[PDB]
Amino acid sequence: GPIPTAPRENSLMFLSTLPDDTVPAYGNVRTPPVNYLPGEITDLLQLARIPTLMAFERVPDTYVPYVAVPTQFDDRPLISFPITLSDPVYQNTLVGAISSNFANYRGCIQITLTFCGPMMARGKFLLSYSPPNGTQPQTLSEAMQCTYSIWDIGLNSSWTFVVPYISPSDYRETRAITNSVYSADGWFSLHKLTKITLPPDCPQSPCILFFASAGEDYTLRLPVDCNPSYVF
Amino acid sequence: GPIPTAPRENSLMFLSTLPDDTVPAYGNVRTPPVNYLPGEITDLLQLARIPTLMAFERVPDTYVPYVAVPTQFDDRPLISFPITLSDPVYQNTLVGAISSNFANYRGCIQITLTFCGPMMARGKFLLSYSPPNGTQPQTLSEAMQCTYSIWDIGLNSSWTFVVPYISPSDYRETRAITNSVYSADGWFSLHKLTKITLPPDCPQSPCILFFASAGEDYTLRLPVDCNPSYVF
Amino acid sequence: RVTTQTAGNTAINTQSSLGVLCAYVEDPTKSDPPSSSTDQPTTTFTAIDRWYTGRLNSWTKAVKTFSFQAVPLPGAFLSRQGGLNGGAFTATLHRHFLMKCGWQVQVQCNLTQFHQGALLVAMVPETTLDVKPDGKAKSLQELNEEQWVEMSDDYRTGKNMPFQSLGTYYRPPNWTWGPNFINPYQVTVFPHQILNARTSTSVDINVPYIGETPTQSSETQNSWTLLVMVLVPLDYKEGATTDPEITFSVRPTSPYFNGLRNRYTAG
Amino acid sequence: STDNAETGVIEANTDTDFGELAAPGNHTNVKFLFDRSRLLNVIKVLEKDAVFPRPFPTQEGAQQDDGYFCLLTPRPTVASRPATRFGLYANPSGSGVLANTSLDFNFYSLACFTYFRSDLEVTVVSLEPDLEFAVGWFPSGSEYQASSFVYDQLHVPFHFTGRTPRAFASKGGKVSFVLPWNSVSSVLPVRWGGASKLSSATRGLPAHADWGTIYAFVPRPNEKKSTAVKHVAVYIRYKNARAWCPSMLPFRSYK
Amino acid sequence: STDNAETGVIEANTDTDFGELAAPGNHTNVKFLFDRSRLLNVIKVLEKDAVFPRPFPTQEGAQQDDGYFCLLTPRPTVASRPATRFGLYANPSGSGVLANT
Amino acid sequence: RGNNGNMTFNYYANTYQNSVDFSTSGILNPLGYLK
Amino acid sequence: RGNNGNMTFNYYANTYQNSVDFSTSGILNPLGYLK
Amino acid sequence: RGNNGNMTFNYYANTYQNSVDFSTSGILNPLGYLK
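Line order of the protein sequences matches chains A, B, C, D, E, F, G and H. Add 1108 to a position in the first sequence, counting from 1, and you land on the number used in the numbering used here. Add 1108 to a position in the second sequence, counting from 1, and you land on the number used in the numbering used here. Add 3 to a position in the third sequence, counting from 1, and you land on the number used in the numbering used here. Add 3 to a position in the fourth sequence, counting from 1, and you land on the number used in the numbering used here. Add 1 to a position in the fifth sequence, counting from 1, and you land on the number used in the numbering used here. Add 5 to a position in the sixth sequence, counting from 1, and you land on the number used in the numbering used here. Add 5 to a position in the seventh sequence, counting from 1, and you land on the number used in the numbering used here. Add 5 to a position in the eighth sequence, counting from 1, and you land on the number used in the numbering used here.
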């Protein structure tokens, strides 16, 4: 006979993310095989792990992806930027674009550099990473105390700087609004330790290219909605 | 084919305390571990078993949590109060606050005292507990016949008095309205057996502190609604 | 009733003592490095493995019931309140971003048998009493004129803690409650000891590390607060003795540090 | 009996002095007590794309849409934002705008600890007869998407679609679902004493102590706006709750 | 560290320079990410037999029923037909017929 | 455990029903010890 | 696999639930090899 | 027992379906005995 039942309070509801299937309408259909197509993707982290280029405002569009070393300097890093993924410099990189669609991230960012200039030149650079503080460090003396390393021009013109992950919480927010300790994580800067020696007959002013990507232990947790602004 | 069914009379009902789960909407989410936090709670009786302080009207706010011994007395206990958990004296104690949110209780209340005064003083006190009667006992002669004990000032200045649980029903109501035998359970009183001898150069008038808590066999049964009066 | 605890190059003696209260868990000393960071941390060493000492205001008959004083930790080190000077510990603190440590304190008084009164000391967690209602920490000069904080209905209701002004757009509500009230009758819930005038002189507690994250910012954390309150007002025969004094000692345990940088500066 | 309560740790029925060891007869368990629904807040229902309130302080003459949206947290809130001092407008008619406020009376009546954690189970109930509506929610730290698009000369607000859950209920229906603990902080601080920013912060104001945000809207185009307002009710439940350290309880007046 | 990114294939945490190997804790999977509903288009409702739109270009004075029907594809579409350039009518009132997109 | 009555059948998987913490790889204790 | 919670019972047959291709009879590989 | 017909499946647990007393640890008898 009939089986007694009791419908719950949430009957006839429609959920846009309910983990369940639906009844088929036109089933029993075969499809051609696709074993001939190589390069199948499984996780977007595979694409996130690929280096890309950054942007910079340039002197007064002007968003060249490289920074040019001046001749005379004044006690100040050549270029510095925060470590907030919502910053403009991260807009077009794959890591920034992908992360913008998720709430929480976790892991180590990766930065890579490369030199472009005359072969027979020489110089030395210093890279720094300063955790959050009351004021952004400026002088080389301040910079030296924090974590840093020294880059020397030689046979190999590329160098990778790994930004350690330190925070009071296991995860961190991806976009910053109040600049709380949960989103901002300090600054990065580049300082010219020595003066670059341009060999004779090589005109002047070499250039540096910035390469950014995700570390080997990156991760994202919560999906969110997108911004359709690109259509306008 | 379709399975016959028959919805019951109470379909599409919403219950605020139905023991059942609900469909998930955003499942498959991990969380950081919390094994680093010590002192996890499991049952509120753990907090209920902790001593706290009482209140008293004081002579004509004035709600000091202690009672001062006078110089001359008149055939009357220094302080007495009922054993109804809705009484004002139990308001701010943890046991009273927790019990006020439940209907039925069961077990033995616990009372603890402590002396505060000059070291070289002496005296003797008598504690009494009188089950329900037609009139509250007043005189020491009456008090002596009922359950009682004698407290002597000495090296140890603290004493615990356990109120036995006797009632015609297994459980008892927590708040009294009609003062029926199901809620009220008699009175407690303190009598000065001797006269306190204040040593020379110690000024006068020692004080006594009251400590109350729940026994080892306390229990509460039925939850109820709360009073939001504290917000005004 | 006679024991001494030795640490580093300093020691403390106790002519009277009941023991040490171990707080929530047995052996609070045990701990592990955090998990919300990768850079190698800095651990304990002899320079910081030692005690420190400070002073409090005096106790006078004029003080009434339930008055109290508070000493935030580790903010006391930074503020140099009561003359406390962390030295090496302060120097290391100012040069780091993340910290995690326990605490272990003791308080002493010089009450004699010819005095009557009582004192209560407890380690209230996650409280804010140092800050003025305006929203600014109480300065050392301001802390002198008023020796003891006067209990009042405002503090009892938690109606005067720091808040954010809404602005001209809205209308000003009537503030009546907040989640940081103070309930004098229930302070004994936290670990504590009664400093009676006829039983002992020194009290001590041991507490572990707590917090809503495995590690907390080293420039703003206020997990534990030391609180001293008066239960029985002091009273004694005239001409005998006047206004005893108070002192306390602190010592961190199994700390960790992360996030090296230059000296902290504001602006 | 002999004891020393000044030491704090006191010993521990009638078998000790005069006994009675009444046999047991677990209704106070933390996991069991906190599993039951309770009202949280009452909110309006949208009929078009709205402008989220600006952060405080809000100057005079600022255009926005207030009264909608609502956080998911027991701690006091004001204008759909975290707050510390709870307040209410007991005074008669005044001026300016009145700020919606909320609080969990029942939760705070027994909130006798510091740290808490549990899963949240939300449901929604209508008030006006034969009303059709829908609900939307997003995690903590996210933002509400504004603006609208045109379909056949009808302005459809963007919030119709998104990666976050949506719920459509039949005419005169009800909604329900369970969300996961998603905030970055390991546990929820019932009472806090830290600061969230290095400078210009407010002491004791937590940053991301909540479960998310909720709003209600009608499945109609913006070209069919009406006049009469509508209202909606909200309830919450806790699953597998846990507490981590003792605390105090609210004070009761002696009047 | 030493590397040569001009070659393209670069090598691969803090254990390499200074480490930290934070343990894992798969929300980005292709199969999982794309399983959730999203609006596609809004269409009218028929009340009689209709005449399907003619293929482009459609000359002036051609009788048909437009605004109904809708393809099932993420790629841009116009007038219920496949298209390449996405467009919209942000301009004020004009003339002719407006093409659904 | 908890105010749950059903004890026969759980439809959805545990991972999709409740959150789970990721690995990093009667008798009531008293909240105060006095050495 | 996928955002599917049910793990107890599938009513309709697999062929009628999902398409099938007809026969013609963590660890993540890198998308670039450099000999 | 009682006016209950179902004899195949009880969904909710017995403790949540009926009250239970806590432990303190045809043939019809006549209501009157005459010694």
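Derived by calculation from the structure, the hints in this document are not laboratory data. Careful: at least some of the hints might be erroneous.
[As the list claims (entries may be wrong)] Quick partial rundown of chain A residues pointing at chain G, CB under 8 Å, derived from the structure: (1) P1110; (2) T1113; (3) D1128; (4) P1132; (5) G1135; (6) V1137; (7) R1138; (8) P1141; (9) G1147; (10) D1151; (11) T1192; (12) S1194; (13) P1196; (14) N1200.
Quick reminder that beta carbons are idealized off the backbone N, C-alpha and C, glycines included.
Results for each hint:
{"no.": "1", "hint": "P1110", "verdict": "20 Å, violated"}
{"no.": "2", "hint": "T1113", "verdict": "17 Å, violated"}
{"no.": "3", "hint": "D1128", "verdict": "6 Å, holds"}
{"no.": "4", "hint": "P1132", "verdict": "5 Å, holds"}
{"no.": "5", "hint": "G1135", "verdict": "4 Å, holds"}
{"no.": "6", "hint": "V1137", "verdict": "5 Å, holds"}
{"no.": "7", "hint": "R1138", "verdict": "5 Å, holds"}
{"no.": "8", "hint": "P1141", "verdict": "5 Å, holds"}
{"no.": "9", "hint": "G1147", "verdict": "6 Å, holds"}
{"no.": "10", "hint": "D1151", "verdict": "6 Å, holds"}
{"no.": "11", "hint": "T1192", "verdict": "28 Å, violated"}
{"no.": "12", "hint": "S1194", "verdict": "27 Å, violated"}
{"no.": "13", "hint": "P1196", "verdict": "29 Å, violated"}
{"no.": "14", "hint": "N1200", "verdict": "20 Å, violated"}
Hint check: violations occur at hints 1, 2, 11, 12, 13 and 14; the rest are consistent with the structure.
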